[PDB]
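As you look at this complex, bear in mind that one protein chain is not there, while each of the others sits in place.
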Amino acid sequence: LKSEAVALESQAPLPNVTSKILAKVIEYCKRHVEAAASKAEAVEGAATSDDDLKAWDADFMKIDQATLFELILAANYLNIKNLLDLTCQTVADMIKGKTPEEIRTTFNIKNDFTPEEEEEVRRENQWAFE
Amino acid sequence: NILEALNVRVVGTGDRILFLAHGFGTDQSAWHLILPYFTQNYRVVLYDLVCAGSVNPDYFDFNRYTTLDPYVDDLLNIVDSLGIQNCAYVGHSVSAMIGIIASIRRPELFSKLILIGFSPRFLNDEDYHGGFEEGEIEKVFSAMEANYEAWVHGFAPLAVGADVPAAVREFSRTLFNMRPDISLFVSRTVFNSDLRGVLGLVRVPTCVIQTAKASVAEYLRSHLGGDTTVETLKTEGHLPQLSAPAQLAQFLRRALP
Partner (left out) sequence: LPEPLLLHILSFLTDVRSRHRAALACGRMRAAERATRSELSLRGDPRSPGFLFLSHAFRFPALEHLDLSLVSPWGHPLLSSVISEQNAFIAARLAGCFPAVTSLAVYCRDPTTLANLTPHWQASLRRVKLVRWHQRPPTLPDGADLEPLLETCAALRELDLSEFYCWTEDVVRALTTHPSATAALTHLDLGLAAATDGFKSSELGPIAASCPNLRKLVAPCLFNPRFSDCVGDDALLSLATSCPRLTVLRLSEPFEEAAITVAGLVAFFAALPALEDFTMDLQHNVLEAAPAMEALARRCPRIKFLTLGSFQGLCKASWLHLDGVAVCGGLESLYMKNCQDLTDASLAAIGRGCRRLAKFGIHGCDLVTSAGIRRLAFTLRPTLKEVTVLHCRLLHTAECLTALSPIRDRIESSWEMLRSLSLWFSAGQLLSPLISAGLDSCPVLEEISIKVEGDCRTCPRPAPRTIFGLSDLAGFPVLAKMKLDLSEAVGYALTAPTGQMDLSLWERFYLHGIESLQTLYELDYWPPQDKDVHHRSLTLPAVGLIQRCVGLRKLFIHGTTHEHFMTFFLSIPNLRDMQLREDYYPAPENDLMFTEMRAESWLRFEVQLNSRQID
């Protein structure tokens, strides 16, 4: 299909996720053919801690360059859990060491908190974690 | 108010009132082992004293606690505020000094003075052995000033039995257990304080209990004006009430009413 083999996963051609955006969606989706199919191969034993662990190699790749930001809305359009879960997690890891300044730098966000509100909504957080 | 700031605490059930005054280095929890030996036939009164670790350091007024006298103003203030006409008084060891003064100052108010690890001055004189040689005492100050001048300017003070311990480390060990400025302040009011020309002015009867190996006993036995039993314990130590309390519990019950 356009912006056909093994596109079964999504909630089975539509301009919303256009070619640039949907291109990526195919990369990860047919990489999960290896994950499904390598269970069927090869010899009786295992050989089965490369999906559970080592398949996450290219999961933690493939997310060089957001937006991306619009890939979440594409992974939302197509109701595909394991891809949303993946990119939504990798946005998490951006919001970690970032101070509330550094968050709204690398996520273009308008600081609107009046210092009236702000340090009271802060004093909310001194009632946890200790 | 003073009763709050100085954590006074009354515990047992009885008519006879027992006052338990801790030493300098410690606080009132030094008495926690001994307390229940007497807590069932006595109203036991305890206080933390202003220079102890567990009192706020803000109540240390540095241009007030310059001599032993204001420590005594506190003791008598406490007693008056609880409204105690008479009590027996266990004091160790600067708080023995404080007890002696308070009983000269107010002999109505004490059944008996029981003074653990008492000496009237700790600066051993050319005559005679009542305390520690000034060479040693000097070394103890020499260690606390390091700690004070570490404490500002924000550095860790690390002076403990980095010392010399003639008879001195065990004594001075506990002194370090306060805020270093206050340690130094109350450490000097310990060694400059002499009250051996006040002993024969003591009317109320006194039992000294002394920690183990002419020496001291025979001096203060003759010189105290009250009736003067001097018992000595079996085992050494600054704090017979923490080490060895089952024993000190006995000498205490034996030196009462």
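Think of it as A and B in the order they're written, each chain with its own count starting at 1.
Definition applied: a contact is a pair of C-beta atoms (placed from the backbone, for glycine too) under 8 Å apart; a residue touches a chain by one contact, two chains touch by 3 or more.
Asks: Which visible chains touch the chain that is not shown?
Replies: A, B
Asks: If the hidden chain were put back, which of A:27, A:57 or A:118 would touch it?
Replies: Considering the complete complex, A:118 is the one touching the chain left out.
Asks: Just to verify: which one of A:44, A:116 or A:130 makes contact with the chain not shown?
Replies: Per the contact definition at the top, the residue touching the missing chain is A:130.
Asks: Could you list which residues of chain B touch the chain missing from the display?
Replies: Missing-chain contacts on chain B: residues 7, 9, 25-29, 32-33, 46, 48, 52-57, 147, 150, 154-161, 165, 170, 173-174, 176-180, 182, 235-239, 242-243.
Asks: Touching the absent chain: which residues on chain A qualify?
Replies: 46, 49, 69, 72-73, 76, 84-85, 88-89, 91-92, 95-100, 103-104, 107-113, 118, 121-122, 124-130
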